[PDB]
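Taking the form deposited without the ligand, here's one chain by itself in structure tokens.
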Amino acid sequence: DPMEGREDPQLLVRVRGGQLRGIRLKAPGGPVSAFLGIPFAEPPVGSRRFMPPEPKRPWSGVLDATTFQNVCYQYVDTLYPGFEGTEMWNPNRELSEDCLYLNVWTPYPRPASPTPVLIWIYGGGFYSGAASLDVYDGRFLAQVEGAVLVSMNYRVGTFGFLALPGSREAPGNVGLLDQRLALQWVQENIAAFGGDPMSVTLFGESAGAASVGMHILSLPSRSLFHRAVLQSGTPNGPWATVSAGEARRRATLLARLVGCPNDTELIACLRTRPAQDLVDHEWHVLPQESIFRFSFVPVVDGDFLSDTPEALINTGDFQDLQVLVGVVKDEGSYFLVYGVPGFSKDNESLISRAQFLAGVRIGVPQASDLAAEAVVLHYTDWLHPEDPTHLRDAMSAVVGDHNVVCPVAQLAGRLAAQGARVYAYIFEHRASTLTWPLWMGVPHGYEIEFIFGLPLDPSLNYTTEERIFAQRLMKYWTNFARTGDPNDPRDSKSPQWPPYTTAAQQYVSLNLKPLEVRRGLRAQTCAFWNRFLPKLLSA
């Protein structure tokens, strides 16, 4: 670079591919280094669509790493024009298939000694999301905790997860392979930023959490990280994976919907289609009317996933693993306004008993008549079986328990029973700035802004208590990243966060009040979902 000598010497870094120049960003407490839009793969475009990522080839000169890159091609929610509750999750950069870039935040100047690395994997149902969203801003953890934080884009929707299992051209799970390639990039290069490749903690929410779980369950990924955090998502459960037959079914149907016919010719025809056509048709291939079900998700391929996640967590040895797992207070509430008759964000969504039964059929699409009746039985308040408020809240609880809370309880149980050190939480604080109605409680995904420390930015109008709270959570998360223990070794005054064990089943509540220890994560109910009901899910 001819202008290197006139520029900030503290923002120049070399990695395997070549030289990069980052940017000095302002965090409330001081500056941070950001290296944004670093390519970790060759653009998965044209003939590379549906294919595993190829490592980015070295470049000449100085790569401009000062701004976020393109967002992977995806559906954009336009249900509520101008509504913050949806818009804050929408892409904030141009959509492109050329999207395999990652981002790095570090202290400014960069750390002098090797520093624990946090790697964020975003959620969004495997059909959406971006590492560039404001809610995933790494600057606060970097400045306040001194963390090195990395986040990557990975392909979503058909581009990431359309599969014709067994084929060469569309093997499936390539979004997960994008994630893995980013993990390898970190292993080779993070030391140049002052990061410690021997202390890497994965964390993610929802589909990002399911992703993290799948890296736990896939051997080639295991040498690429040391600890994991799963927020409101699991590799097990009803939505995070499909079987090979179902993947093939869905891919074939989509292909027919966009006008395409041997796997090779089908896939080639698909590769001739515009990205937006694939996006425009991906939602028409689900087998039933449903919520919290996504068309193109990880597939049990016998490769990346050697078996079903339930099998793998049932037979796995997790002795050298420390994991942090948890849920928010109202996991199911959000999804109700997206397909259950009678629900809306703009009224109180008080429903009738008929609407509750129908809603149970939509939320548990695999339930036989008997299974559905059993769910209705368990969740009805038989003292007030017609009360619209109880029915609304019960609908929410059915969806949240089925898709998140009980799969999390199941995971935590299996991991703890088979060697892993497990910490469990429930997140119960509702953001003062939330624009979703009060009846939705603490919805899916609204702990994230507190983990990343956004309330520390005064311009965002959080309360003082919320700033303190955020600082607490940042401390828990980075403590866990550093030591595999969220507790402060110096702070014996504060209540301790005990490990989750099958014997005591202890977890903690995260809210404005000090840590409270509780026992049994929805134990009766999750026994219902995880032990009794699985036989009967067939319709």
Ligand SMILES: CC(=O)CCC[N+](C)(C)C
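Residue numbers count along the first chain shown, from 1. Shifts are known only where both forms have a C-alpha. Think of the rigid core as the biggest set of C-alphas that the two forms share within 1.5 Å after superposition. First, how it differs from the form solved in complex with the ligand.
- Listed alone, the one run of 3 or more residues present in both forms whose C-alphas shift by at least 2 angstroms between these two forms, with the core superposed, is 535-539.
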Given for the second form:
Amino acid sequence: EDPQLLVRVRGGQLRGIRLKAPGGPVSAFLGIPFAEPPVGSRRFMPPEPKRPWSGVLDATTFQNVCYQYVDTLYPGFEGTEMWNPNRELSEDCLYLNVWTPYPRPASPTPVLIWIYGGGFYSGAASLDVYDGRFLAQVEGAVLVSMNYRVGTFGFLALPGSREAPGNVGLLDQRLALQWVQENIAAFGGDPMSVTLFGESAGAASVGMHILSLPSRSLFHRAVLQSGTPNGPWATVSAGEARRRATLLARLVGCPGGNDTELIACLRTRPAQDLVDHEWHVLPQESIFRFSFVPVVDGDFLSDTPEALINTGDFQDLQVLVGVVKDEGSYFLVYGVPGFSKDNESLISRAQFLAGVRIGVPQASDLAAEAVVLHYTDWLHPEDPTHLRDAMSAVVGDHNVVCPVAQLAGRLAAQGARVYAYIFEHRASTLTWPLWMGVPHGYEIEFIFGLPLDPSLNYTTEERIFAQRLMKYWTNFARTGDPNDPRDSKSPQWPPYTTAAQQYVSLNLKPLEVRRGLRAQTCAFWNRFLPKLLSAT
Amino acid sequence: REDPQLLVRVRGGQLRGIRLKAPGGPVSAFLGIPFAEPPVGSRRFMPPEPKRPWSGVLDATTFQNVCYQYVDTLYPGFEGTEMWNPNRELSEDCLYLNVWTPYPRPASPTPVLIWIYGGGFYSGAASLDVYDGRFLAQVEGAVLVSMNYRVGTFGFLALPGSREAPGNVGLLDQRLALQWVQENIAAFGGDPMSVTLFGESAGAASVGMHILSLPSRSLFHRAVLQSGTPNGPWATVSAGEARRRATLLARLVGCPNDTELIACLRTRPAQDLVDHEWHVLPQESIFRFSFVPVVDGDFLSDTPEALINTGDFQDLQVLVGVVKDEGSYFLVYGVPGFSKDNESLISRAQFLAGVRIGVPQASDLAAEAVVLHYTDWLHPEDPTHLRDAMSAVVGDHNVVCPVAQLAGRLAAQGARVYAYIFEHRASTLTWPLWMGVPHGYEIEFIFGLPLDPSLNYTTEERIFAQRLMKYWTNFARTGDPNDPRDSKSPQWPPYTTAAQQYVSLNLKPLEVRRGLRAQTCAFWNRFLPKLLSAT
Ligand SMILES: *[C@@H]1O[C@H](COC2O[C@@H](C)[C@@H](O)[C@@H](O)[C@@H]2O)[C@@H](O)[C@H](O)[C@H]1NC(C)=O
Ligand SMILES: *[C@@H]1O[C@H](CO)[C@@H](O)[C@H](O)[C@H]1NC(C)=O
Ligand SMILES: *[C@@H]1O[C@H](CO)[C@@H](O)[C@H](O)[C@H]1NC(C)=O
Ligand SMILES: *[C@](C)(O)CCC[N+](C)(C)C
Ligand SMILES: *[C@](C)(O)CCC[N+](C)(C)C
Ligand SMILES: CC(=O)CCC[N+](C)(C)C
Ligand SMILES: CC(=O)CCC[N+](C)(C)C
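For the form solved in complex with the ligand instead of the form deposited without the ligand, what are the coordinates?
Expanding to the full complex; the earlier chain stays at the top.
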């Protein structure tokens, strides 16, 4: 019994496991329950705190993955499969993971809390890319990740109901945050220095915690990678949530009438029956749209993210935000005709016009015409390479890049300290084809430091790069500034402001400072298209 | 007892011209030749009638009267405005044309260039110094013809469907001059089977309307449109709008049945009409003119738009182009914040106000779309970017994108098209630097004025002028601006829908570029119409 691996938390004793990191050992405590299993009658309900336990709880292995859709687009393909559940599916899934330096840090260390993505319909903290051992060992950080309910189980809502009030998966996250405040000092973490970071729907989640007051006493800084609370996919109105939940119920045979009766019938259904019809409730043929997501309930979210970002005070907050070079490519293969991992995806103009209706599903005929006309290269209007890359750009700008620029600008104007980046390095080991470039999600492995494990076959320069990023992120966690406090120069990473709009490129070369994140194009999405809606 | 080489007979009778000095030698000039009956009195607003023959020898040694017009008062005494003002007496008796030819006249039939002046269809004269045909005549051996045509109410006031004021009579004045060339230009040594029209601004729009009107098409073979087009927001009005403007003008001068209204307008002093002419525009605007060509179903059988889209132009060669800063000239005539006497650094508020004045038909949404497209979102309040964006707005809307549209529709419908952008700022320009290369400041170079040493242009500008004169006359002669002998010099390739090629005209050798403001002209020519159409 290694005494470094025995910790007492409020709920009882835990036994961790010592893991090998390239530089030395780390202590891992995996599968720690932070909530009562949200099963049976607790389905769709807010999480309750985990009852204390007797003896020593085994925290040496990852717990079950929250019940979710499993991808079938390309069976056997690592590029999709690496995001799929790597443990058994269960509704009994509310557990978290802590990595710490071995031996336990002598003085309180900054804590980084990872929140995974997956369109609020998928994901798990147990995926290999979210492995906290490298950050813990090399940077001396305490790293935490939690499972939170996804799909219908996390986000099905009949707004105003006691039984399915909405946003319970975000309440799962918050409960893990409260757990860290209460318990993390036992692992050597500093609860007065907590930094949330996440990607895609995880980044959106981090932004939802910034915009919800009860969460604000639970962290000090935030990192939003390729995702935002504002924007077209991350939230729904109460009316639309109700409509989707009612349709799903009808599809599985429930009950209509009374919320209580409808929700009671939904609780009788096998979990896979709910997942089988999850996708059939979206109003349009679309991509980058997800059926069950956070809802503007007037509680967790007191108003729309738009309203809350525009009128908030963010003076004692520091934020790091950014995007990858090709945010849209990933999603095109899941719905737009002409696109595939298995060919160069050179498309016709006709296929481009069609793809825009699917990639921008809420667009009117006139707004879709505006998008086609703005993204067409009028010197090469029917060139398939341009049309393919423009399709990627539309989806990426609409859903990620322009939402990020919006948020960055409002936070900075409202008093926040903001740093921005674009991530431009494509992994040498990527299994997706070249045309997809640097796809959504493929920065994470670098930030978590996987290239430091030589068994994985990254290059030497990829390892040096990973180490740079791990430092930016942990420096930001420590101080709210990603710049190294004693290293003279590297050119410095400047704060993003509304006047100068400075951001940096993260690639194999030294930091380069640029001005304006797609400034002209994001004026189209963020300023003009809204007026085109209001006017007509 | 007088110079035998200056005496010539035309259909109407005998003429006596004058021997003028050009720097490389003498030229012959026949100035003030009448081609129509004076459009005065009961003939006001009526189509032109051919000139009745005269007895004896008509003196054609001086320019005739300028067609009655508004005289610019913006900057009194200032050469930049005054050079475009009338330089002879204003009269409604103004339908005269001018011919320049080599001295002695050519022995073999020579290609003819016909100049049609601009000035918004409200102004201009063939007698202005910048339209001096002596250098083209002397240096290129050209026969150059320029006519006066009626402008303003006199040329373009229309009550459509009426007999007495049918509209477009200023265009008919031009047409009659073209008919005169066909009948008479051989007497001067010109080739009536090789006639090239060229003109600038409204003059260019006019050339385009001759292309689109069948009776004119038998009267020339090739065309050059400089900074203007028949299509676009300013060159034509609908029948209904012409009538509305005609009728309001009538009211403002005390003329409340078409025959009666028109009979009453014919009794009014010409100056009374000019004095109220600007009051009939529907909006506070720039680059808009009260009395212009009307879509009458006759001269123009349909809208220039419909005619460029459905025409067969297989037998047409055209040279078209623009200057670097089409919009700047117009800003000082009505956008608050702009002046010749300072740098015109404007605020964002002044930019938004200026967009409404420069795009006066735009709804609020279209105007917002224009502002967002032309804003630099990195420096959205920078007064220098805002000034220059105001300029680009007015220029792209009124000139550059209409020209792009015309060039593409002509090329797709079978025409051979050549396109340019003119980028040299005359060293002698009196407008301030911020105005760049303004609308109209290519003309002096094409006409070869730098060749006159009294004008103080640079040596490099003389050589540039000579190059331009060659492109224009080569095109006139062969329908190709390139010299067939000169191989290694860069070539000017035709404009096509696929490649969109065009050349820069400056002190450097020809540089081929691709796409004439392709992205921005997509906004003006493809999107804004759909925004209108949907709303
Ligand atoms: C630029 O001039 C505009 C036109 O009015 C004037 O011209 C200038 C040169 C001054 O002499 C003024 O006193 C004249 O009235 C002004 O409207 C504009 O505000 C001027 N620009 C600035 C910011 O000074
Ligand atoms: C690429 O692959 C998919 C399926 O194999 C196919 O549907 C698509 O048409 C292909 N691309 C083209 C347009 O050749
Ligand atoms: C041209 O230059 C001369 C000599 O310096 C000067 O006196 C004359 O006024 C100038 N003329 C013009 C046309 O500006
Ligand atoms: C985002 C909307 O959550 C999508 C993220 C998808 N993976 C594959 C990166 C997890
Ligand atoms: C055009 C609309 O006719 C304007 C031409 C103006 N000048 C000053 C160049 C003649
Ligand atoms: C991977 C996605 O973004 C969506 C997958 C869901 N469908 C396969 C039903 C589109
Ligand atoms: C120079 C022009 O474009 C027209 C000016 C006419 N007003 C001075 C009456 C506005």
